[PDB]
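Go ahead and model the full structure; you've got the sequences and the hints to work with.
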Amino acid sequence: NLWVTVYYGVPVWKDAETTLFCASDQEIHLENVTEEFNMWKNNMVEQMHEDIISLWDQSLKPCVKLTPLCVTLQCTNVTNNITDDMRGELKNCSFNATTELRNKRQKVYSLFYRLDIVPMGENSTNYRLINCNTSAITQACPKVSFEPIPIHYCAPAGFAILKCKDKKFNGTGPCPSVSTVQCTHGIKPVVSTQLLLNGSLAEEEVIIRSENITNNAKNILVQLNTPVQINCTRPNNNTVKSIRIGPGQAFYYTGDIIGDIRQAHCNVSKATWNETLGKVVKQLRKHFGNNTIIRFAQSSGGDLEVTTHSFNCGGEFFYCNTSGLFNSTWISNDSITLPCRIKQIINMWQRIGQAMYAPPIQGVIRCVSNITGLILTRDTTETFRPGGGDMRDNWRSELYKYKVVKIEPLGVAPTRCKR
Amino acid sequence: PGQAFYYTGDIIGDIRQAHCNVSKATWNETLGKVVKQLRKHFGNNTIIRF
Amino acid sequence: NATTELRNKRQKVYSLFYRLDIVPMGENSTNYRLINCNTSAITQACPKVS
Amino acid sequence: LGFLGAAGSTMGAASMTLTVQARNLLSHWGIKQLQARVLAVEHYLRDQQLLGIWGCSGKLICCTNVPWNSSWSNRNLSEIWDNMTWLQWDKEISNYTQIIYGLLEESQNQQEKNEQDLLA
Amino acid sequence: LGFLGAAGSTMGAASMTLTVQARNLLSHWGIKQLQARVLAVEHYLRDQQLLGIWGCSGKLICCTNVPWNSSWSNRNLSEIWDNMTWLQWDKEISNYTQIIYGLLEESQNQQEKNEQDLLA
Amino acid sequence: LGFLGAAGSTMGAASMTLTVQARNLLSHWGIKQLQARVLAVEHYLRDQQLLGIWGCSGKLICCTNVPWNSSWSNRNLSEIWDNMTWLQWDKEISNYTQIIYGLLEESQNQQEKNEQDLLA
Ligand SMILES: *[C@@H]1O[C@H](CO)[C@@H](O[C@@H]2O[C@H](CO)[C@@H](O[C@@H]3O[C@H](CO)[C@@H](O)[C@H](O[C@H]4O[C@H](CO)[C@@H](O)[C@H](O)[C@@H]4O)[C@@H]3O)[C@H](O)[C@H]2NC(C)=O)[C@H](O)[C@H]1NC(C)=O
Ligand SMILES: *[C@@H]1O[C@H](CO)[C@@H](O[C@@H]2O[C@H](CO)[C@@H](O)[C@H](O)[C@H]2NC(C)=O)[C@H](O)[C@H]1NC(C)=O
Ligand SMILES: *[C@@H]1O[C@H](CO)[C@@H](O[C@@H]2O[C@H](CO)[C@@H](O)[C@H](O)[C@H]2NC(C)=O)[C@H](O)[C@H]1NC(C)=O
Ligand SMILES: *[C@@H]1O[C@H](CO)[C@@H](O[C@@H]2O[C@H](CO)[C@@H](O)[C@H](O)[C@H]2NC(C)=O)[C@H](O)[C@H]1NC(C)=O
Ligand SMILES: *[C@@H]1O[C@H](CO)[C@@H](O[C@@H]2O[C@H](CO)[C@@H](O)[C@H](O)[C@H]2NC(C)=O)[C@H](O)[C@H]1NC(C)=O
Ligand SMILES: *[C@@H]1O[C@H](CO[C@@H]2O[C@@H](C)[C@@H](O)[C@@H](O)[C@@H]2O)[C@@H](O)[C@H](O)[C@H]1NC(C)=O
Ligand SMILES: *[C@@H]1O[C@H](CO[C@@H]2O[C@@H](C)[C@@H](O)[C@@H](O)[C@@H]2O)[C@@H](O)[C@H](O)[C@H]1NC(C)=O
Ligand SMILES: *[C@@H]1O[C@H](CO[C@@H]2O[C@@H](C)[C@@H](O)[C@@H](O)[C@@H]2O)[C@@H](O)[C@H](O)[C@H]1NC(C)=O
Ligand SMILES: *[C@@H]1O[C@H](CO[C@@H]2O[C@@H](C)[C@@H](O)[C@@H](O)[C@@H]2O)[C@@H](O)[C@H](O)[C@H]1NC(C)=O
Ligand SMILES: *[C@@H]1O[C@H](CO[C@@H]2O[C@@H](C)[C@@H](O)[C@@H](O)[C@@H]2O)[C@@H](O)[C@H](O)[C@H]1NC(C)=O
Ligand SMILES: *[C@@H]1O[C@H](CO[C@@H]2O[C@@H](C)[C@@H](O)[C@@H](O)[C@@H]2O)[C@@H](O)[C@H](O)[C@H]1NC(C)=O
Ligand SMILES: *[C@@H]1O[C@H](CO)[C@@H](O)[C@H](O)[C@H]1NC(C)=O
Ligand SMILES: *[C@@H]1O[C@H](CO)[C@@H](O)[C@H](O)[C@H]1NC(C)=O
Ligand SMILES: *[C@@H]1O[C@H](CO)[C@@H](O)[C@H](O)[C@H]1NC(C)=O
Ligand SMILES: *[C@@H]1O[C@H](CO)[C@@H](O)[C@H](O)[C@H]1NC(C)=O
Ligand SMILES: *[C@@H]1O[C@H](CO)[C@@H](O)[C@H](O)[C@H]1NC(C)=O
Ligand SMILES: *[C@@H]1O[C@H](CO)[C@@H](O)[C@H](O)[C@H]1NC(C)=O
Ligand SMILES: *[C@@H]1O[C@H](CO)[C@@H](O)[C@H](O)[C@H]1NC(C)=O
Ligand SMILES: *[C@@H]1O[C@H](CO)[C@@H](O)[C@H](O)[C@H]1NC(C)=O
Ligand SMILES: *[C@@H]1O[C@H](CO)[C@@H](O)[C@H](O)[C@H]1NC(C)=O
Ligand SMILES: *[C@@H]1O[C@H](CO)[C@@H](O)[C@H](O)[C@H]1NC(C)=O
Ligand SMILES: *[C@@H]1O[C@H](CO)[C@@H](O)[C@H](O)[C@H]1NC(C)=O
Ligand SMILES: *[C@@H]1O[C@H](CO)[C@@H](O)[C@H](O)[C@H]1NC(C)=O
Ligand SMILES: *[C@@H]1O[C@H](CO)[C@@H](O)[C@H](O)[C@H]1NC(C)=O
Ligand SMILES: *[C@@H]1O[C@H](CO)[C@@H](O)[C@H](O)[C@H]1NC(C)=O
Ligand SMILES: *[C@@H]1O[C@H](CO)[C@@H](O)[C@H](O)[C@H]1NC(C)=O
Ligand SMILES: *[C@@H]1O[C@H](CO)[C@@H](O)[C@H](O)[C@H]1NC(C)=O
Ligand SMILES: *[C@@H]1O[C@H](CO)[C@@H](O)[C@H](O)[C@H]1NC(C)=O
Ligand SMILES: *[C@@H]1O[C@H](CO)[C@@H](O)[C@H](O)[C@H]1NC(C)=O
Ligand SMILES: *[C@@H]1O[C@H](CO)[C@@H](O)[C@H](O)[C@H]1NC(C)=O
Ligand SMILES: *[C@@H]1O[C@H](CO)[C@@H](O)[C@H](O)[C@H]1NC(C)=O
Ligand SMILES: *[C@@H]1O[C@H](CO)[C@@H](O)[C@H](O)[C@H]1NC(C)=O
Ligand SMILES: *[C@@H]1O[C@H](CO)[C@@H](O)[C@H](O)[C@H]1NC(C)=O
Ligand SMILES: *[C@@H]1O[C@H](CO)[C@@H](O)[C@H](O)[C@H]1NC(C)=O
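Protein sequence lines, in the order shown, are assigned to chains A, L, B, D, Z and H.
Just so we're on the same page, my numbering is the position in the first sequence counted from 1, plus 436.
Just so we're on the same page, my numbering is the position in the second sequence counted from 1, plus 1.
Just so we're on the same page, my numbering is the position in the third sequence counted from 1, plus 409.
Just so we're on the same page, my numbering is the position in the fourth sequence counted from 1, plus 191.
Just so we're on the same page, my numbering is the position in the fifth sequence counted from 1, plus 191.
Just so we're on the same page, my numbering is the position in the sixth sequence counted from 1, plus 191.
No wet-lab data here; the hints were simulated from the structure.
The C-beta atom is built at its ideal place from N, Cα and C for all residues, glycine as well.
Incorrect hints may appear among the rest.
The calculated DSS-like cross-link candidates involving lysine-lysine, where the alpha carbons are at most 30 Å apart (straight line), are [to be verified]:
1. A:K497 x B:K418
2. Z:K250 x A:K854
3. Z:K304 x A:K842
4. H:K304 x Z:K304
From the derived model, a few chain A residues whose C-beta atoms are all more than 10 Å from chain D [as the list claims (entries may be wrong)]:
5. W492
6. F531
7. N532
8. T535
9. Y549
10. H701
11. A707
12. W766
13. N783
14. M784
Listed below in structure tokens is the structure:
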């Protein structure tokens, strides 16, 4: 009747995990393929997380380790015209630093942000740096930028990356329009918390994605279909000086500020932001009731790293207060100014044993970026607050459309052909 | 900077020597068995001293 | 006199050592050094690792 | 006409693109990339070894002397080759591939011994 | 009589040493050596896969059903096998090897389907 | 019935388990493990290449046109297939395997040339 016939080169695949490789400085449509996608169970996210951290750590290996600076500092108030918003933000700290010769010392004074230092014994002249009790700070190399250069992830032979082209796709379930790609689009590893910057926009509508939308323990990733432009600045002219603390080892610090001292801040158009939230609210009401109340509120608690919008602006690390963006209730040429704090001693990843010193940048800093999505958490009346402390969510927002499968070319079927 | 050294500060009570205990009878049975097997490589009408 | 987390500070520490881990210097009965100070750097085993 | 382009097509159409997929099976930081490459080679060789064991070495379409059990699938040829894509077919008989593979090996073992005794 | 000893000889002489060359295709510090070894294996397997695709698996000399186009080379057999060494020949037709390889694949694909329908 | 289970059995019994052993040939810290895996692949490929050179590609039992020299072994078939296990046989003719391998290669080289001239 019918006989087993063996075929090799069959267009069949199964879900699989593997190691993807980099490509830095092609697409086949698959006409009648419907595939099941599931962001949040996508291991491409876990790989990107580990690769970004590893590359970050590698870049600090050849940089000056600031152990000579774990000394007592004598700090007084800065003798300049400091506005009310900046009182107590800066301190003028003196210390005895090592030099290139072991039997010599030098007296150095520098400006530090208050967030980077701590009083000892509750004494108002003697302070230490924040990490002297937990870690050695490593200074980032001034020649190495923090720019989020795009990375493409490519599959090894025997594997393929499938891509979902459905414009209304929410990260899970069947995708009726699937193509095969050799390598992903370039993804910029932008590191930020509650507002996602410089990512991809939704093609048509604001898309709200959540692993379980009714579960208040889960985060909600909101992709915008329009960017909101945000303008950030540190409006102070910084004079950057350096000293040798060892054999070819230079430490960089702010010596002084030229002119008045003002608070760093970000500007979001008021009208654009109100249109953006109206769109988010309309989509939230498709998961929540229609005749409901949607309230936005500020982050409820935790340290500065999670209660603010954290980002790298021109090499400086900003911590902006977004209570001016998330303070409204929606029931059935102005701008919003967001105050920002600056830190030089940071921990980047949610880790304890590492710390980095970001050397100051000479001059005045300005950067412009696009808000392309929000990370929200949820508490009638539903209340939503900013979230985003875990960087894996930033990467889920770009990788949600990709899946990795293994090719299984061998198979059998009945035919009328016999050996 | 985050580096802790651990040490014994003090001893509570009297100070005594550390030691190990081996059952006397079990040990004597064990050696008798070892001796019987050594005599298969060494002479039979011999003396084995530990 | 041990170092502390700050480079310009010192702390006075006393501890108990086994005699096998220390050696007299110059045959002096108050001044001793640790056994390895002339041959190696000692590394402390991590307390969390069995 | 590219790699996996026929994935949504019928088995009888997709069977004409076997060389398209066959040619895409082959091609401390950097170690995990070597592991991926070594593993890809090992996977490839196991499938090739298996075809050799069944007497299908060197070919993409291989007819055998193993009859089909309708307990494996009782669909006819028009149901299988003019509908059920290969992805659909693979799901339907996944439970039976080890039984079929064992029977392909047993058959080849009888064939090689019957052919050596006819050359004697 | 050793590896590449026939490189300067005529194609018809050099064709008798094919096993001499075939056997010399197979066999942080130390990683670049693994990369070289993995790569050598991958190269080897791609050439073997290609012979299989063309229906030449397991042999050093393989005749096909692909006719020669004299647009590729219009030299006769005495010009090619009794002169032009293989190095010279390779230069002369380098521009045409992808056309020829495509035609070898297309032919094998028709042959395997015509043979399955004659076993039916 | 598992891997090497037949090692103590007679050659004529052990010859029926060839697929059992064939399938067990394939599958800074961690580098020596990659070296072991790369090496296992290279070993495998050399044995497969050698079978191809002798004209035995794709099969576990291969008959050739090379006669047996009784200078290699003068035992009869009952002595060899109904006694001397494969471990015993391997010891007895170890001194002659390179002579035999050379003669298998020479024979295949004459066979491929005689077959191309009959297709002409
Ligand atoms: C979101 O995307 C926008 C658009 O890409 C991005 O804005 C860009 O930021 C970079 C980095 O701050 C700007 O590049 C600098 O421009 C100044 C002014 O000319 C130059 O002086 C800088 O060169 C010095 O510093 C470099 C190290 O960063 C050194 O390598 C160099 O030798 C010099 O010393 C540098 O070129 C760029 O101009 C803007 N682009 C625009 C249109 O404004 C924004 O930062 C992204 N946001 C986030 C959070 O990633
Ligand atoms: C953010 O908006 C404020 C207005 O609220 C801008 O402040 C003005 O800046 C101009 C100089 O360009 C001054 O002449 C005005 O006197 C300032 N107004 C006030 C009320 O201070 C600010 O420049 C904007 N932002 C950014 C990020 O550069
Ligand atoms: C930090 O304090 C130092 C003094 O400890 C300030 O430097 C002095 O400035 C006066 C003028 O006001 C000069 O006459 C002195 O010679 C300077 N002393 C030294 C050691 O340079 C310094 O300006 C203060 N820093 C800031 C940013 O205000
Ligand atoms: C952002 O600014 C708001 C003020 O606009 C801060 O909110 C206040 O927080 C204190 C607790 O420390 C409450 O007692 C006040 O009632 C809050 N004010 C208002 C108007 O609600 C908020 O804490 C700031 N956030 C960060 C991260 O600095
Ligand atoms: C090691 O010597 C120290 C003194 O150098 C002992 O500590 C003192 O004990 C007396 C009581 O006998 C207290 O009054 C002192 O205040 C303690 N001094 C300090 C610095 O703590 C210590 O007990 C001895 N160690 C051991 C194990 O006996
Ligand atoms: C065809 O299969 C019949 C039932 O076999 C059983 O069911 C199948 C689905 C498998 O699970 C198999 O392992 C079970 O034994 C047999 O009774 C019948 O004899 C088979 N036909 C043959 C081999 O001639
Ligand atoms: C091939 O099969 C066609 C469909 O048969 C019917 O539907 C399938 C899914 C089963 O449930 C089967 O039992 C049903 O009878 C037939 O229409 C067609 O005539 C068959 N072709 C031949 C040549 O027999
Ligand atoms: C032989 O080739 C003739 C010309 O083909 C063209 O020129 C050669 C050199 C290649 O570049 C090729 O891609 C060009 O198309 C054909 O016109 C002729 O039909 C071919 N003979 C066959 C295939 O029968
Ligand atoms: C084979 O070809 C020989 C050489 O032919 C001539 O030189 C070559 C390079 C071309 O330019 C060609 O057009 C010339 O005619 C001939 O001498 C020889 O007779 C030919 N052999 C046969 C059997 O035809
Ligand atoms: C069989 O072998 C005879 C002796 O060959 C020699 O002895 C064997 C054991 C090998 O060591 C070999 O290298 C020696 O040459 C030959 O005289 C005889 O001709 C061979 N039979 C053949 C090839 O027909
Ligand atoms: C096969 O050989 C059997 C054993 O032969 C004897 O012992 C071997 C080890 C040699 O020393 C040989 O010279 C001896 O003659 C024979 O008993 C048996 O009859 C032979 N079978 C056939 C068909 O000839
Ligand atoms: C220094 O600034 C603090 C604000 O952080 C203020 O409370 C204190 O009184 C100031 N001291 C002097 C001497 O100006
Ligand atoms: C620096 O050294 C001088 C002695 O030369 C000392 O008086 C001063 O307090 C030291 N500075 C600090 C911050 O300890
Ligand atoms: C360092 O000191 C701060 C108080 O200034 C304390 O909160 C923190 O837990 C200490 N770190 C360690 C490792 O003990
Ligand atoms: C995403 O889409 C799936 C499939 O339609 C649906 O079951 C799920 O509830 C949706 N989740 C969200 C947050 O929209
Ligand atoms: C989603 O969350 C709800 C609680 O809001 C829970 O009852 C339900 O079982 C969860 N569903 C899944 C698939 O985890
Ligand atoms: C900042 O200071 C530099 C001198 O180092 C001067 O050339 C520049 O114009 C100043 N910029 C501003 C905004 O004050
Ligand atoms: C941001 O700066 C651009 C010019 O670079 C300006 O057109 C835009 O209006 C500014 N946005 C806000 C919110 O101030
Ligand atoms: C935001 O939208 C609401 C609802 O349409 C409206 O009442 C409110 O005035 C708007 N606010 C701004 C700043 O446009
Ligand atoms: C919710 O309101 C919108 C109009 O804003 C309407 O189109 C939609 O059908 C309503 N959904 C339900 C479930 O009533
Ligand atoms: C929210 O807006 C009201 C004015 O409508 C203002 O009084 C209140 O302070 C704002 N809350 C925050 C946290 O800024
Ligand atoms: C914001 O989005 C627009 C539209 O895609 C783009 O032209 C612009 O360059 C983006 N801005 C930034 C800072 O990337
Ligand atoms: C060792 O301790 C066990 C109980 O844990 C006891 O039964 C045994 O007799 C002791 N052996 C010796 C030699 O004391
Ligand atoms: C050694 O003595 C044992 C009895 O303890 C006896 O069984 C054995 O045969 C003797 N061996 C020889 C060599 O006398
Ligand atoms: C260290 O000193 C001891 C004597 O206390 C001596 O025996 C040993 O050899 C010395 N080690 C070295 C490396 O010289
Ligand atoms: C998809 O299905 C249509 C019929 O609805 C068919 O014409 C087309 O060829 C199919 N696509 C593929 C790749 O087979
Ligand atoms: C699908 O299956 C039926 C038999 O079940 C057959 O008649 C038809 O040819 C197949 N394909 C099409 C074209 O629907
Ligand atoms: C395949 O096996 C599963 C159990 O693993 C069984 O439920 C199913 O009915 C079987 N039949 C098919 C799909 O051939
Ligand atoms: C080199 O050419 C000469 C004729 O000039 C020929 O006799 C010799 O065999 C050739 N060498 C090789 C390796 O073919
Ligand atoms: C070289 O080519 C010519 C034909 O062009 C042929 O007669 C001759 O046999 C070839 N080889 C020699 C021996 O020159
Ligand atoms: C081969 O191609 C080159 C251009 O790449 C051309 O110049 C040459 O004439 C071609 N002909 C040959 C050598 O067959
Ligand atoms: C071992 O030898 C016995 C005969 O003494 C035989 O029956 C048995 O089958 C042999 N074992 C194997 C694995 O061949
Ligand atoms: C072993 O060899 C002899 C011939 O030497 C043969 O008669 C016998 O069949 C072989 N095997 C057995 C069963 O002993
Ligand atoms: C095999 O060679 C060895 C020397 O290497 C020789 O002693 C032996 O007699 C030879 N004969 C055999 C076992 O076939």
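Hint check:
no.	hint	result
1	A:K497 x B:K418	28 Å, holds
2	Z:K250 x A:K854	26 Å, holds
3	Z:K304 x A:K842	27 Å, holds
4	H:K304 x Z:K304	28 Å, holds
5	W492	13 Å, holds
6	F531	38 Å, holds
7	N532	40 Å, holds
8	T535	36 Å, holds
9	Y549	35 Å, holds
10	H701	40 Å, holds
11	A707	46 Å, holds
12	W766	43 Å, holds
13	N783	23 Å, holds
14	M784	19 Å, holds
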